[PDB]
Structures are given as C-alpha cells and as structure tokens.
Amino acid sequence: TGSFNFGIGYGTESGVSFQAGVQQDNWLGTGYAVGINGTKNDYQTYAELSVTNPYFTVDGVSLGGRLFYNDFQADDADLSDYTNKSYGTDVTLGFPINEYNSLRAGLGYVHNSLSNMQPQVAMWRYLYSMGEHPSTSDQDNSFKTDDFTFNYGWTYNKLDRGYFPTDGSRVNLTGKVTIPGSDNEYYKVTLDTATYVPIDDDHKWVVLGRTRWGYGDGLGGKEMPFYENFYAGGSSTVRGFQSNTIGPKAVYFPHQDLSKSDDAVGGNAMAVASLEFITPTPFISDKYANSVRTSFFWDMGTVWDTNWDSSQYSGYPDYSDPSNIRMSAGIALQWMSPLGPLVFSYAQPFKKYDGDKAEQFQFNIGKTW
C-alpha cells in the first residue's frame, strides 16, 4: 500500500546528510508508484516527485518519471564559487534485453539559474560562448537557461552479488544531448566499469578493476556548461585526494593580472582508473566477508579542459593537458554496520600536481540502506 523512510549519513566530502521519502505503492489502481523524496548535504539540496511503473507494458518495459528541484552551492563542494538553482522533469522508458543488459531512453527538461559566480577564466569562456558578458570584477550576476535533452543509457550488470561482489562485471554508459530549441547546445557521455576477478575458490581474495570516463563538448560554438563538468578526487574516484581537487584550477579575474589559484573547477574530459586487491580482514572471521571487506588499492585519474585557450594565457598552466595523471595508494575498509554501510580509507597521494589538495583519511556512512 505504501511506506516512508528517513536517513542520516556522513561523508568527508558531504558532511552530515539527511534523506526522507514517502511512497504510495499503487495509485488508485493504476499500477504507478507515486512518491516524494528529499536529500540534503553540505553543498546540495534535492527534492523530487517520483512516478514509476516496473510494468508499463506487461512485457516489463518500465516507465520512470521525475519533477525535481535542486540547489547546488559550489564552494561547499570545494569548487570555485557559484550557486545553481534548477528544476525540471524527466520521462524515461526502461527496456530489459536479457538478464544482464538493459537500455533506457528519455526526454528531459531542466531550468538552470546561475548566480554568485566568482569571475574566473574558464567559467567566463563558457559564458562568452553563450552570448553572456557579465562583469569580471563582480560576483553579483545571473544567467538563466531552459534546456530540453534526449537521454539514453546502457547498463550491463553480471555481478554475482549487489553488495560486496566477488565475480563479474558492471558497465554503465549514459548519454545526453540537447534538442534544438534549448539555450545550451552540448552532449555529455559517461562510462563506468567494474570487474571482479576471484583468484581463490572460496572467493575471499578478489581483484577489482574500476574505470570511469567522461567526455562532453559544446556544439556550434557553445561550450558545455561548467555545472555539467566532470570532477575527480575523493572517496569514490581517486582516494587520498580532496573531493574534486583533480584537474583544472580557477584562474580568477581581479575584483574592483589574473590570479592563479588552487580552487578546482572540474573539466569536460575525465578518466579515472583503480586497481584494488580485495582480501580477508585482519582480526575478523571470513564468515563476515559478506558484511566486512578489506582492500588495498592503486587509484589514478585526471580531469582536463579541452577548450583551455593556452594561446591567451601562456603564463598559466595549460589545463587542456590530459597527461597529468594523479595517483595514490592506500587501504580501504567497508562494513555493513548497525549505523549503515560504512567505508573508511587511508591513502597517500604519491603523484600530485601544482594546486592539488590531499585528504588522506576519508569516511562515509550511507543513509539509503
């Protein structure tokens, strides 16, 4: 008939987080699930009305609906400062292919309203490509856009287990592109892969290979908006690095000749890879391996800005350079605790670049399971 839930979590990147939802399982006999969910962390507030139906057709074609609001404070996510308030809708159809494959396609509308932008080169390059020319010596600005998107996705999942896998692979490819008539003109592609290779019969020793890629660019002279940027560094990409520090840094314009900074801005291209040796946990019985997991890892990644105009800023790093690969090594520990899914890592960033920030200890308690 229905349910509701409340969650409290914690992350080094996100601080204390809260979650809350309420779902009506069958709306007046339609078979659609209607719900309201909300989440809040140090830099993000998000709320949505959800409409879902796993059997839109009796075959198993799914429908997924959204009407959302989102409030992003970029400085609290350790980026060069800006604020983005947005709302919109999405409709998505899910087509199962076989046990291990699904496809999804959908249409999206999103209104984005940008304010409180701290003048810096890359952000202003995008603004200029959009016909925007706000003052460079002033943080009281405003840019509002309406976009319509076509979204597509592909998920391969043959993990033997959803939680603490020991064998198989997981691949998720997402795409989106603006439909003419949008203010923006851009596409964005994301690729995530995870492969688990057990080396012993009992599956207590596993080799994990993770990669994560992202590429987007503008069309017809526009650039991809910077609030769609990829980032890297943190607890889920390159451990041992401060969240999102990897990649370009803001080149700030003077307030009222530019200022090199160590404030990350993300980029439109990204590549992250990790090799991780899963092993039994010292001082713990392998009866708890489904609930406790130790691993040693080698993380690497880079983020870059393909449109950095190096000609015009010779005195500053060429942030279009994709070859400054950050690297770290360390040890992680996960635990299905009474307080919820728990992840503690200690890692040392042994290859880092000008302006990158370290965060050796990183901790996360989930609020959804």
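If you superpose the two forms and keep the largest set of C-alpha atoms that fall within 1.5 Å, you have the rigid core. Residues that one form lacks are left out of the comparison. Positions refer to the first chain, counted from 1. Compared with the form deposited in another entry:
- In a rigid core superposition between these two forms, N290 is the single residue of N101, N290, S137, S115 whose Cα is displaced by 2 Å or more.
- Comparing the conformations between these two forms, with the rigid core held fixed, yields only the displaced run 283 to 290, spanning 3+ consecutive residues whose C-alpha shift is 2 Å or more.
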The other form holds:
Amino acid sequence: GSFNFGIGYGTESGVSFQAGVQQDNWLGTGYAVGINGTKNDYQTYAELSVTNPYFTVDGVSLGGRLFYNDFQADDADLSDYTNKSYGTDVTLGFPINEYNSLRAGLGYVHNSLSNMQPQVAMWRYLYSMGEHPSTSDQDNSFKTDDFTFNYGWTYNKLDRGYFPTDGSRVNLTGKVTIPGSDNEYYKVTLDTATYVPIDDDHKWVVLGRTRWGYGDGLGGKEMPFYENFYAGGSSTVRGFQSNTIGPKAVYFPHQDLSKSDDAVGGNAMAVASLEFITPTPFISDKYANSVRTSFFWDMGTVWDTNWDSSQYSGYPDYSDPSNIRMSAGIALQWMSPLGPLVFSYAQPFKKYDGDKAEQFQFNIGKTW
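Given the form deposited in one PDB entry, state the structure of the form deposited in another entry.
Nothing else is written out below except the one chain.
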C-alpha cells in the first residue's frame, strides 16, 4: 500500500490540497482499495476507489467509484450557483493494443442545486425540466437523480510522459442518460495533443492541442448547465481569466434584465493551440531535462446552441460560435523542488464583450 499528500497553487484554483491512501491488495480479494480527497478554492471532492486490473485472464479491468463533490460556481468565476452531488461508477477497461484502450461504464449521480442567481440561460434549462422558481430570489433548490452509460477511448503513443517530444495523445469520453433519469442528455469530449520534433536532439518541438465539447438534451430537455463546457485560463486559452470565454449571464431583476460579464459556459466548445517548444534561454544546459520553454498561439470559443436571440435580441447572440478568442505568449515549465511548475505570460489580442483578461498565470502541481 501507500499514502500521499499534495499542496498546489493555481491562479484559478488558489491554494489546493490533496491526500489519499491505497491498499495494494485488500485482504486477498484481488481488488485494490483507495480513499482520495482534494480541495481548492471552488471544489471539495472525495472518493472511495475499488479496482482490479485483471478481471479476466487477458487484461480487462473492473473499477468501482463512490464520490462526493461540492462546487461553488462563483469561486470558479461563473455566475453563482451551488452543486452538491454524490454518486457511483462501475467501469470496465479494455486495452485494445499498445497505444489504445477503451472503457465502458454505468454511473449514478445525484445533483442538488441551490443558491442559484436567476439568469436567462440557467432558468431556460430549469423551464425545460418543469422547474419555475422565483426570478428575484437566491434561496432556491433543484434536485435530480441520473443514470448514465459512459464510453471512453484513449490513444497514447507519447514518447515520454514528462515533457513529451514525439507522438500523440487522444482522449474521447462520452456519456448518455439511461431512461428513468430525471435529466435527458448526451455529452461528448475530445482532447488531442501532438508533438512533432523538428530536430534530431528533440529540443525543438511543435505542439498542437485541440479540445472539443458538445452536448445537448434529448426529449425536449436541455443539458444541465452544471455540465457546461468552459474555456480560458492556464490550461485552455492563456491570457484569459479562467472560464471567461463564451456567454455571459443575463440576470433577472432582484428584490428589466441586466447584461453582465459573468461567464456561464455553454453546451458547445472548441479550443486549439499551436505551441513552439524551444531550449530555455538564460538557463544552463545542466538544467535542460528539468525545464521547458515555449511560445504559443491559443484560440477557443464557447457557445449556447439553445440561446434564443429572437426573445433576447437586445443582447449578444450567445448561440453564435464564430466569436473566436485568441492569445499569444510565452510559457515556462520547471520540475522544481516544489514540484511541477508553470509560468505563462500571454496577451489576449482578440477578445470580446465581457471577456476578462489575465496576462500572468501560474500553477504548481500537487499530484506529482
């Protein structure tokens, strides 16, 4: 067995903490047991893990999960809402070959929404579910019980885990609600990374990232807003404040409407990055295997496919996907004594109404 602690910091996450404990084999069952928890400015999460890598003779794995999650939207630079949830997952893992692995799973989740600040897109979803709370009050509540089928595919032919120089990684996750669930929706996510070395020593590398998300409702319902996609921040479009890209909340009056600069995400998202990895200037070659400099061009968009620009023509068309943000800047990664570290300075040279900027972004990782 083993156990571990983690301290991190991020511009978007603040000071973060992590810990866990795992029994490699639980009393000869053949299934490893684990307890893991993390906390940052906007999230508290804990889970119980129960997995066996050899459920069949030829590699297929079986995994169990039992989790609790608390989420403060305003702390994640979104319009205010609170989501307290818990659930379980059963996941099968199939290694297809050396570079590919598939996984299929069944999931249950209970979502408890509270403290929701009335806004158009959020309430529109609530209307699609049959919920019609006050538009002047922040003391509301909404609860759902959902069952999901979860697909997954991972390609990984990266030459190396730390600081890749060659190869690609692709991760595709989908999920759909099983009938009987309160919600009715599907949701798909795609992440790609491609490293192309342009020199024989592999010090000069071209990196191309893409990140995609699409989800929508079935049966006339919408996808829950707390399943939305986001963009902007240290890990998507640098130089933009975390999650700022895309629609903004159109608030209902308190006790007519108000345009805001508070991001709410959306049910569709596209992000791409072209990054040029070089040797690190102003640092010795002794410290080359532990540092990575790069110059990047980031772009992304987030939109709301169900935004009704007819009913709300006085405000920007948040269903429009073509308002593509862009930034350029320089980044520095360092395997420090304090763990994995990342500086980045970026100027958002193409921004839009409400987009908040954040030139300097910083992250110390807590998991390695």
